[PDB]
Structures are given as structure tokens and as C-alpha cells.
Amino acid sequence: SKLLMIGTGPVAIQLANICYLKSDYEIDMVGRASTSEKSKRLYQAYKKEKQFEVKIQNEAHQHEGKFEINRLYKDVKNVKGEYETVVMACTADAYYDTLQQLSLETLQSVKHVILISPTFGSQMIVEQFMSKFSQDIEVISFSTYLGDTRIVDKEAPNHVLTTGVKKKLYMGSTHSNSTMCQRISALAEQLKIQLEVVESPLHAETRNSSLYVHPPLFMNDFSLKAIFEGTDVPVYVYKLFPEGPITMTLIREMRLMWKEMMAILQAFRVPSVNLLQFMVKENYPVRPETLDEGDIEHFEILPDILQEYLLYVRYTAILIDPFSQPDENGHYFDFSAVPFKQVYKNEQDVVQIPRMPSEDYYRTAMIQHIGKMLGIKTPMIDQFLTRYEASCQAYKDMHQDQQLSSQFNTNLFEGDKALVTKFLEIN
């Protein structure tokens, strides 16, 4: 029994250690060391030491350990042979591009595909693609990765550190209560990670707060300026204007996107997301005096303006960490002083757009395309994308002397969109 782990970043390393300790699969891993200095460094490090290592901080987690794998591939094209299980530990916008590079023999052997950090509609894309090779492929989607895992030293990228673990994760499968789902559930039990099993992967894919909040926070004129052009003075992702983007306008844009998504979800008969309850009970808490318990519970019943007021207030309450130990002057930890990553040059001197908002463009584009196919209007989504696209075009015209990545290109994701088109036609 063989497993292919796609990805060589810290997430893939943490997951491979779990497979190593708690599964019976022979484990191969594959990055893009042929084309990325990052993957190259990982390959060189593994090649030298011949082991990976996970460490933990807050103990009472069985994620730690040194392990080795069977084969580290340098490039997806090099992958050979049969694999019943493939774990996608890359970014969701690479699922199609990487799978489509595997061999026919490899693709026909795959029985289960596990999506660690999918977006809304990842499963649909992946299932429709695999359906051409397997007859009954199982696709599993998690809501998010299980925590935070980082490289503490860039010259030892085979050594990774898992710092925090999420309170709750969700998981759904195209094969309900499959034997594979059951072993994951039992595995979560071992790791002391609460896992709620959900009836569909799509439903799991919607239990991600960053789906609803990242596009409002990054795809507005203030944030997009900070990212593509810069500011005279540092600004911060989570602060109120002028220190950051957050305003009544941003918050309205946030409720409008949530409601457009709740429209799509209803079509699929997927339960709605109590966004405020999600933020307050699963992400970070606020003091009791800040929000009324009845308002958080009934968030979805409440008038639009009160929904916005509660969301605004939520964000003001975590300008600090109100549970941190105050200063002798009453000053708490500046929880909200998170800078924007700006655009930046490669080792090959190529301009890249950081993950936020480049990942949010893909995710938002897919929701757009899904919304279009159901005849569901997404006017707020629509404006998020035109804004991002106008900043990409503006960067092109203003930086003609610079090598730019494919992220600045028009008409991306055609393969992905065709596959959800075809999936929804059939279903």
C-alpha cells in the first residue's frame, strides 16, 4: 500500500510524520525542486540528513518525531507507479495543474484523494478530473489544515515546528462513513484534535472563516495599494482606518459576500455559516461584556445593520488580545499589528504576489464561476475580482522593465472552471 504526498513544505512534513507513525503506507513525497529554490533547498536538506523532523512547543500532542520516507521525488513529472492514496498538501490552486502531470498508470491506481487546504469547490474540481481514470474515486476535503507549522531555520527546511493546533476541524467525503473516514476519525482522537465529520466535502470546505473575510480585507483599494504599491508609513491588516482597512464600508462588503455565499450554499442544501459565532467560538474569543450571547447565537436572524455592527465590534475587540496580561500602564498585547506582505522578487528576480490575496483571487474566482453556473448573482464577489485585476494590470503598466509571474495574467484557471462546469452539468 503506497501513499503519494504532494508538497514538501512544513504542512506536508507534519502530515508525512503522521502517516509514518500511524499508518501502514509506504510514503513517497514530491515537490518542485526542479523549478523552485525552496523545494531545491528541501531536497538538498533531506538528501543530506536523510530524515525529516517535527517538533512541538505546547506539549500534549503526538505530532513530534524524526522520520524518513521511501522516496522523495524532485518533480511531479518523475512520479512512477501505483498509489492508492494521494494527499494534496499544496495550495488549492495547484490541485489540477499537479494532478494533470501524473502518468496514466499512476492516475488509474488512485482510490482516495485527500485535500488538506481546499477552497470551496476544490473537491468538485478534483473528483471531476479523477473520474476520467477511476470509476469510484473517494475525495476527502478538510475545512483547513490542523494548525500552524513553520520552518524555524530556512537552511534546515526538513526541520519544522508545529506551534498551534486548531480547536475544531471538519471533514467530509464523497464516500460517506468510508473506512478511510473512520481511520481519520480514530486518528484525530489519538492526536487530541476534535474532528466533526460532515456529510459532504463541500460542506467541510465552507467551514473556513478565511473564505468569507480574506476577500473583504485584502481586495479593497486600501489593502491592494499597501500590497502592490506600498505606503508612506506601515499599515496593518486588522486595524481601523487610517492604520488599516477596517471601516463600516469594509464590514458591509464582508456581510454582502457572506450572504452571497449563503445563497450558493442554500442551492447545494449546505447548512449556512453563523459567521460571528464561528469567529467568536472557534477562532478567537472576546470578553463576555463585549458581545451579547443571544446576538451571537441568533446572528443569522438579525437585521442587516445589526449584523454589520456586531462584525465591526468583533474586530475592534481584538485590536488587542483582551485575555493577555496587561502592562503596568494598562496596555495589552498589540494583537492586530499584522503587516501586509507586499509584492516581491524571486531568486530568479521574478515579481510574485503574496499568498494573500493571490490565493483569495483563485478562491473568489471559483466561487464566482460556481455562482455564475447556478444563476446566482454575486455583485460583491464581482467587484472584489475587478479590483484585484485592475491592480495587476496597473502593476504591469507601471513596471514594464520587470519580470512578472503568471499570477499577473489574464484568464487564469480555465482548466479549473471547465471542470466545475462539467461537474455541475452532470450533477
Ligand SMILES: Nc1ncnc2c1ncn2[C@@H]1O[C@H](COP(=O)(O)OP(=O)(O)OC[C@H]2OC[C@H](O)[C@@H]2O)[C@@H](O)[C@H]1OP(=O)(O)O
Given for the second form:
There are 2 protein chains.
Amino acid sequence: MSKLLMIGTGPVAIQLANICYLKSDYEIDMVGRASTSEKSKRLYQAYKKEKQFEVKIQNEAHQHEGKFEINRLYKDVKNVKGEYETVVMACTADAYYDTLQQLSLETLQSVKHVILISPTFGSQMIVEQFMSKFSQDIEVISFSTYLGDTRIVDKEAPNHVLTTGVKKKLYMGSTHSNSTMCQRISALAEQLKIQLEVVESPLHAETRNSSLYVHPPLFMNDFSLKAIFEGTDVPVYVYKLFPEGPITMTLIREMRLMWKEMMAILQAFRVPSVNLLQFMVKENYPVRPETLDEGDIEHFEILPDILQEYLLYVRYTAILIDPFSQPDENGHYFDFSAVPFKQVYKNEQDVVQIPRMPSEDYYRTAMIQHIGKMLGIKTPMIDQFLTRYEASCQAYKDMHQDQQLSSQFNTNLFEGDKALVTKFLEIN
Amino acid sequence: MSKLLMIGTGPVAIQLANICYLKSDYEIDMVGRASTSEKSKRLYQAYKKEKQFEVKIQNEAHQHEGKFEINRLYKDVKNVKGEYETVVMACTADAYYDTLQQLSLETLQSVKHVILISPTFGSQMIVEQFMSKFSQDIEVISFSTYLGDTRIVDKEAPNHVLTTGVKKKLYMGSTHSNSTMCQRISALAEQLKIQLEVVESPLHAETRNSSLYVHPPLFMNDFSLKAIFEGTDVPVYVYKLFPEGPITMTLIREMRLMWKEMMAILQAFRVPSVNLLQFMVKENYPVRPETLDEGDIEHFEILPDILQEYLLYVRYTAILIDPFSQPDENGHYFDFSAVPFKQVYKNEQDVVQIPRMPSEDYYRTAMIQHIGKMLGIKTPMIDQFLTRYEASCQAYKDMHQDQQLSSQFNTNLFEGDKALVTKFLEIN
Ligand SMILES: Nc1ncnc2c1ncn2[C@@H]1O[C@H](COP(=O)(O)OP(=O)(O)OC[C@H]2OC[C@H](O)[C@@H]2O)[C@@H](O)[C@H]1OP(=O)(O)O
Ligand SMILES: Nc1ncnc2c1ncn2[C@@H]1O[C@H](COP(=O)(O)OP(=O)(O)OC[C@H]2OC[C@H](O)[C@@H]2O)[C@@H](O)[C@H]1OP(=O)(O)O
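With the form solved without this ligand done, generate the form deposited with this ligand bound in the same format.
Okay, now the whole complex, with that chain kicking things off.
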């Protein structure tokens, strides 16, 4: 019978494992890195003891809930034995290569489908090129993003996760147009009440994620980078205006410029372009009618380069509050924009980590840089983003020679991934 | 000896009376409207009883303080008897004509200088044309604004006023270039430590007031006008972003358009143009360097019509807080922008009044409209401003037929003033 390998043991992997448990005929195996990660250990110990996972639901609009037991929970990728026709990557995109490469030849040659839950731009190119050495005909499926928001509500019971929110719309593409797997997914989406736009390549679904265009400007600037690698004297906030946070005319210019460099790479691949404003306004969170002209967001992409900036700037000020929340007796709304920055932190073994943001945006940006390099496309804003982050890494190293740092502070990361997209694009 | 007539008995008039008391050789007479205004009565009764005015000071940087007694406090303009070489208009601009016209022929023919403390655009034209019938050679002096901020801290002692703030820079012009009066004023300004740019006509000083360009858009729109003539369900704020207040891309367009129509009338009069952004940023309140490009505010007037909008919009979001105030332990600054709207209100005799804003901006706008009409200059944004306010007046009349309303709800106001600027411009 059909085996499925789930790579990742966090809340995304658990939600996904439950969907397969309930709505597929796969026997499910799960693997983390409980040998080298206190987090994956806590998950291992907890599943071991209880012999169950549980998804709970917050809005009764969702029936992903359920308790469930999987077939085998592995402790490390290296223990994985045997054949699996389907492998779901529920880990972070910068680990897709590190983890597949640790699988056995028998495992890698048995695989028919690789499904990428939170891929970045070009993850499929990396994953297809890798698998191609062992699978003649590997199918690779990229999603735009994960289906919603799920979280551990108690760190001492990480096998119990909570899905708080579900996205409106997802996109999905495959190396195999309208494959049999594509069809089960959009049929599974239908059961889940999750609108799924099937898209024509995985790369195309990978560009329908808004954070790919707005996280690099928000986080890889001197303001944000100081807040993360060094303190601030006073709490400072991701989505507020300077001096309370990073947003300025300059940041918004940096965002439009990256958007346009990305649209260059996307036209190269004959991938359609993303109306960034309209994307944010219909598929992220609405603002009041009175705030944005409907023709301004429809025709966003025709508009002059400073009108585009002006409309992006305005969008971010509309969200400093939640304009659909219930006002105070004093006129005051929910402070939607007081999201703090996670700073650098020592893990359980006293090793400094960089938080997900910006260290996942260094990976995505470093890959987008590399693709654009080899299309002969110039990425000057991307370029600046990366030197900024690297100088902040080098400065942390110099300022903190008394400390164990993590592999994230290292030079020349992702040589593996960079070579796979090189082989891929030459051959393709 | 030299007599001075002070028209107005509020806190501006009292501060000014003290400056003349201390630094001039004028015997001072003061006149309000204690016959028809509970406010002017309270001032009359209070001065009567105490026989003193008092200016107190808040920042020790100021020596306008002082107790003082004037020579004669009149109860109504109509009591004014005798000859005065100088008359200071310390009242609101929309009353300059109503009040002078109540003076006696002997008084009007004796007058050599009319000094306009808070004139609007074209007040001098109105005042010179009126006085010209009685004074062959009247001198008229317009200030850009009043010298600072003074207030009554206790309504039962309105003869005791408090000057809280003093402007950086004032402008001043006269019908009589570098007159003897001009010279005493800039010498008096020097004593007061108040920088005074002497300007070449009064009209020119009357355009160096920022509220002339930004009050009509802020207050004469459907949002603001609802907040003033009808409640809001929840407190709403003058300087916040929609839905908390009126500021939108649309309001900012309405502000640039009025600015440019005004710059038309100003080029007609060969008056130089006002860099509105730079005016707000150096002469009103500073924002952080990181917020506005210095070349953007220097070259503001060359910039494209949507960049101008974008920079104005951005200026207003920089001020939602005071970015130079001391932050909270939580990152949070002083809520600089939560200035409520004064709404329509019944006075002591149960008569509905419209607050200063927008009823002083209806006068200024109605005059700017009239000037531009007779230069053949089109003022389409002004035009809209005025129909908006009038429809809100008409609606209050219909919705509130059970109520005594004030003369401010009337049609065809300012016929007097409108004819004086007509005679003036034809002849001039
Ligand atoms: N080299 C490597 N090898 C093996 N396992 C790895 C590796 N790197 C990360 N991970 C594991 O992926 C799992 C999911 O990541 P998690 O941080 O819990 O958050 P989510 O559950 O929300 O992740 C879902 C995606 O949303 C977007 C983002 O890209 C996420 O991947 C998690 O168990 C990770 O282990 P850990 O020990 O728990 O840290
Ligand atoms: N038709 C008419 N006739 C006689 N007197 C009149 C008339 N209209 C207004 N006023 C008086 O002008 C005085 C100053 O006005 P005020 O509201 O106290 O505020 P401020 O002292 O701060 O004024 C200074 C200027 O700053 C800007 C603005 O244009 C101000 O004029 C005040 O005593 C008014 O009488 P009241 O009885 O007290 O209401």
C-alpha cells in the first residue's frame, strides 16, 4: 500500500498529517531532527508518551480538527528506511536540500511526488533537479503558501496544535500539468472549503506569496537589522512608521524596486506578473473603500513609479490600525501594527540563533539573486539587501567573539542549492 | 498725545495691549461687544472689578508677562468716541468690516494706521478700500499670523491670559513700504526676540499663513462636516487617517489643488509662491530627517503633482505622533494628532453657533473665491469647498427648525466685504 513521508514535525506538519490521515489512503511516516534540536526532541518525547497528535480548531468554520496517530515517527532524517511514493516537505524552504540529501538511495529512487508546502521562489527547480538523479520522472508540486495559521498553544505539549486561521485562496502548480495528484489536491481543497487556483507551473505558484516581495525590504534595512541584531533603547515595531518602525518613503521605494526586479525575472520565465497592491488588498487584509481608488488597485501595474510607491505607502498606513475592528469609546482601534521584532537569541545549548525573519528572507533573496545573476538580469536592490544582512552577521561575529554562533552566521551558505538551480536553468 | 484703539477683548487683544503698554507711548483704549456677547460681558465685568489685565508666561523664555491697566475699556464699538491715530484689529478677520463701519466719522477720519493681527487673504484690500473714504492716506499693516498662542486658563477670569508659545518667524507688510510704523514694529519684534521678515505688501504677508491652504481641505469635506454639524457615533479626530479622521489620498489631492489655485491668484498679483511642504516642515513642526528627503522639500514646487501629494500625505503621517517626544517604555509616543473637532453648539442665549473652524475658513475661502472670480481665475476646488459648507448649513436649518440659529447659517454673507475687494481691484 501507499506510504507517505512527512518531513517536519512542527504545527504545519501535524495539521497536514491529520488531513492525510482523514482524507487519504496513505500510511504516514513523520521525521524531524530530534537528535539535534530541542524542539524536535520535545515533539518526539510528547508523541512517544501520548501516542497521539491533535489538531484543535478556533473558528468552528474548520473541520481539520482531530486526534490521530501516525504509523511511524522517526527521530532523524537519517533513520528513514524504505520506499515512499509521496513526500511532503513541511519544513522551511532553506532545508529542502539538506534533508533530502540525507535520505537513502532506496528511498530517493522510490519517490513519485514531492509536495512543497512553504516553498520559496525556485524551490521546485532545486528539488526537481536534485530528485532527477534518482527518479526518472519525479513530480514536484509547489504551493503559494501554507493553508493558514497553526500554532502550539503550550510548548510542553507540542503534539497539540491549534489552527487559528485559514487563507482565502491558495495557488498550486506541478511539474506535471493536471496530473492525477493535482486533481486529488484540488478535490481535497474542495472538501476543506479552501479555494485553490491551480496554476500552470510550480514557479508560478511560488510567486503568489506576498511576503516574498515585502519581507526583504521590511527586514533587511539598517533600522530593522539594528532592532534584530542589537537592541533598541525602546520597543520598536515591524509595521509602524519611522521612528516607531521602519516604514518610510525610502523603504517603500526599496519595496517597489525589488518588486520590479522580481517582475523582470518573472517575465524572463514567461510567468505573469503580480499586482502587488491588489494582491495585498484582496488576498491579505482589506482597507476601507475611502482609502484606495478601485481603479488605482486594478491598474496598479500601469501607474507611474511614484504613484505605485504612494499607494503602497498609503496601504501600510491604513493598517496601522484594523479599520474594521470595533472602535474604542475614544475612537481608537485595535493596534494592528504593533508586531515586535524577534531578536537574535541563544537556544537551549547556548548557541545564538537568527530568527526566522530575516534569516528565511536571506535564503529567498540569496536564491532570487542567484537566478537573476544567471539570466543576466540585474538585481541591484536584492544585491543591497544581501550585503546589509551579511554585514550585520559579520558585525555580530566581531562584537560577540565570546559566543557560540549558529551556521546562519556563515559565509557561502547554500552552495548546494545554488548549484542545483544552475544545473537546472542550463539544462532548462 | 498718541491714542491707540484696540478692537477685540480676547487673549490676543490683551497680550497685544500689554506690549503697547510696556513698549509704546500710546494711551490704549479697548473695545469689545459686551452688549451682545456673554464672553465680552465677562471680560468687561472682570476688568471693571479688578481694574487690571494680566499676561502670564509659561516658558521663561518670554517677557510679554505683566499686569497692566488700560486707559479706557469701551463696552461696544458704537460707544467709541474721539480720535485715534492707530487702530489694532485683534478681532477675527470676518468682522473687520462689521466693526469699522460702526465707528464714528470723526474716529474714521483721524486714523493713520490700521494694523491687522490675524488677517486673511485680502483683508488689507478690504480695510484699505473702506478706510480710504475717510482717510486720504491710510496705512494698513498685515501680519501673517498672531505672534503665538495665548489662552484664558479660567473663564471666570478672562482678564488673565496665558501665552504658552511664540512662533519662530512672522511676516509683516504695509501699504507704505518701509514706513515709520514698519520700522517700529520690526524694532519692537527685535525687543521681543520674535524674528520678523518684513515683506513688501500686506497681501504677501497674508499668504504666509499655512492654515489658509490646509484648513479648507481638512474641515470642508463630508467627513469633517458630518463630525461638526452632526455627531459621530465614536470620537473622531481632525489629524488622523480615515476612518479615525479625514486624511486620505483624496483629501491630500484637494489640498494640493487648492494650493495651486491659490498660487494662480498669487502669480496674478506678482506675489511669490509658497512652498507648502517646506513651509510646514521648517515653520510649523519638524519631522525626523529619515522621513523627508531634503531635496524633496527644497524642490517641492518643481515636483510632479502626485509626488507633491505623496510628500504632503507623508508629512501628515509623520505627525500622528510627536517624533521628538520621549517614547513610552512600550515605544509609544505622544498622540500629537488626537485633536477633536469642536461641534456646533448653543451659546448662553440658546443660539446655535458654528465653531471657528470651519466658519472662519468659510469666510477666507469665500473671499479667495471672490478675488479669483474677478481675476477671471477658476477656483474649482474652492468652489466645491463652499457648496459643501453651505449644504451643511442648509441641512442643519432643515433638520433643526426648532432651534434659534446664528447669522452664520445665512445665505449671501459678506456682501459688504465682497464689494470692497471689487471696488479695490477695479481701482487697483
Ligand atoms: N535541516 C532540517 N532538517 C530537518 N528538519 C528541519 C530542518 N530545518 C527545519 N526543520 C524542521 O521543519 C519542521 C517545521 O518547522 P517549524 O519551525 O516547527 O514551523 P512550521 O511548522 O510552522 O513550518 C511550516 C512552514 O511555514 C512557513 C515556513 O517556511 C515553515 O516551514 C520542524 O520540525 C523543523 O525542526 P525543529 O526541530 O522543530 O526546529
Ligand atoms: N462683529 C464683532 N464685533 C466686535 N467684536 C468682535 C466681533 N467679532 C469677534 N469679535 C471680538 O474679537 C475679540 C477676539 O476674539 P476671540 O474669540 O476672544 O479670540 P482671540 O483673542 O484669540 O482672537 C485673535 C485672532 O487669532 C486668530 C483669530 O482670527 C483671532 O481674531 C473678541 O473680544 C471678539 O468678541 P467676543 O465677545 O469675546 O466673542
